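Before any questions on how it binds or moves, here is one chain, the form deposited in one PDB entry, in structure tokens.
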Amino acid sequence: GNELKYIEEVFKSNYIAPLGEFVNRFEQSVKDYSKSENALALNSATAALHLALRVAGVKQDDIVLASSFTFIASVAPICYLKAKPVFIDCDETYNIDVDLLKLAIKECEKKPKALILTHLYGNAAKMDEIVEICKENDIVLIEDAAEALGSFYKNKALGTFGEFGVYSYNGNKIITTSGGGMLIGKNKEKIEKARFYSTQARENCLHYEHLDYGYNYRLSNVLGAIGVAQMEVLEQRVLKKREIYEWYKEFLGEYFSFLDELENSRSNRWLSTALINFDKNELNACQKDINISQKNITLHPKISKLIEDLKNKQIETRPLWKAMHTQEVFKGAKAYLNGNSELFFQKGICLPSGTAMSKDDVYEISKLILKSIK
């Protein structure tokens, strides 16, 4: 792409050009794509979530609801603010289950301030229901769309349903800046407050004056330049990820289940995932609340053997995310379970999904998988 070209322009024009010109352009390109009105380029999606929580008014001991089936980077900002996470198990989309969300809210001893909703592997959550539940309960909806840039629900970009949304451009996301994040949101004033926090909470004057404290979270111009170049190819990459998924479905569909995107949504299929020896009747095996304690989850025998066999042929595959309600870090925290995120870990595999792959590459990988599983 134009990554090297833009980086060179940053170095050449640094002396003369508007401050942060490529950061500004990156924010513009994300506004153009997502149709959000406000965009703030930051050094990570974790930083964007942290600022979203702080500007939303989350304080020590407030309650924040969150997805259990996620990467801990989505929920660590709850801990930064010394707020208390409440975790919710997932549905057939991999995302927060609607019934469990309702249950969790109703059983909260204190009214939750916010929900961080992950769109996992780029799949859309059930937005109509979840947006309505948050609205009715006065809960700030923060979308963790870190892996979901290029995903849509009913023709609207994931990330634009909440008061805040976050995208990531870390090294392995559909598109990358070698590290970066974007905070988007509905409220200009809130996003501008985040922008103020992102550069050490400086008052508008000649010397350094501070009424509050902030962070060093602002994206650099060099990474902003990569971000511009990456946004130029985002749509082509989303189409190619989806092609790759459809090819895996074609080759592996006899043995693996490929759960559908919600009707009238468009998952970016950032990583192709599949479930071995799975039937939908295994879903929702329970409905319960726990206080978290650490547990291991045994991978289905065919999945651990597959990862091992492929690793020996220099092909990287990975288990799915290990649910937060099984992690020692969150010992003592409340979680609402239905069995689904543990089941998906047991039977799931994350497949090579790089957009440079041809149909033959996906076929060669798939044949090795089929040979492994027998």
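Residue numbers count along the first chain shown, from 1. Shifts are known only where both forms have a C-alpha. Just so we're on the same page, rigid core means the largest C-alpha set that superposes within 1.5 Å between forms. First, how it differs from the form deposited in another entry.
Here the rigid core is superposed between these two forms, and of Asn172, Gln236, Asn281, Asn264 the C-alpha of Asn172 is the only one to shift by 2 Å or more. Once the two forms are aligned on their core, only one segment of at least three consecutive shared residues with Cα displacements of 2 Å or more between these two forms appears, at 170-177.
Provide the structure of the form deposited in another entry, given the form deposited in one PDB entry shown above.
Partners and other molecules omitted; one chain follows.
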């Protein structure tokens, strides 16, 4: 895209242009796309979530509901504020199950202050129900749409349903080319308070004056430039991601299950995923509450062999997220299970979904998979 062009512009005009020009443009491009009225460009989605929780009023020992089937970066902010996480298993969309959410809220001795809802692999959660449950229980809804930029629910962009929404831009490898997150929200005052915290909580004075403490979370102009470049081709990439998903479905549909997106929703399919030897009757094996303890989850034989085989053909595939309710870090925390996230880890596979791939690449990969599973 125009990444190099914009970065060159940043260095060339730094001496004369307005402050944070590309950061401003990046925020505006997200506002234009999502239709949110407020946007704040930060160093990461984790930082965006951290600020969202703080401006929402979350304090030490407060209760925060969160998805169990997710990446730990979505819930670590709860730990930063020393709040207590309550994890909820998922449904057929890979997202928080409505039944379990209601159960958790009903049984909480202390009322939860907020809910961090993850839209896993770009799939939309059942928003109408979740939004209502949060409203009726006075729970602040914070959408973790880190991998859901470009996803929609009934023509509305994921991230714009809760009081706060968060987007990420570069995947989750340990080291990435670029970096950055965007915090969006309904309340201008709260978002502007976050913009204040994002730069060390400075008062408007000639010198440095501080009434509170903040962070160093503001995005740089160089990364903002890359962000603008990425937003310019977002829709195109979303369309390509979906084409890739459909190709995988076409070539593997006979042996793998490709769970449908919610009706009247549009998943960005940022990463294509599939389940082997799966039947919907396997869902919701239980409905129990537990105190978390670490546990390993055995990969289905075909999945472990698949990853190994494709690995020898220079193709990288990965297991799905390992639920938070099975992680040692959250030992002792409350969790509500139905068995779905563990089942998905057991039979799921994350497939190569780079938009640079052609139909032949997807076909060749699929051919190698079919050969391995039989």
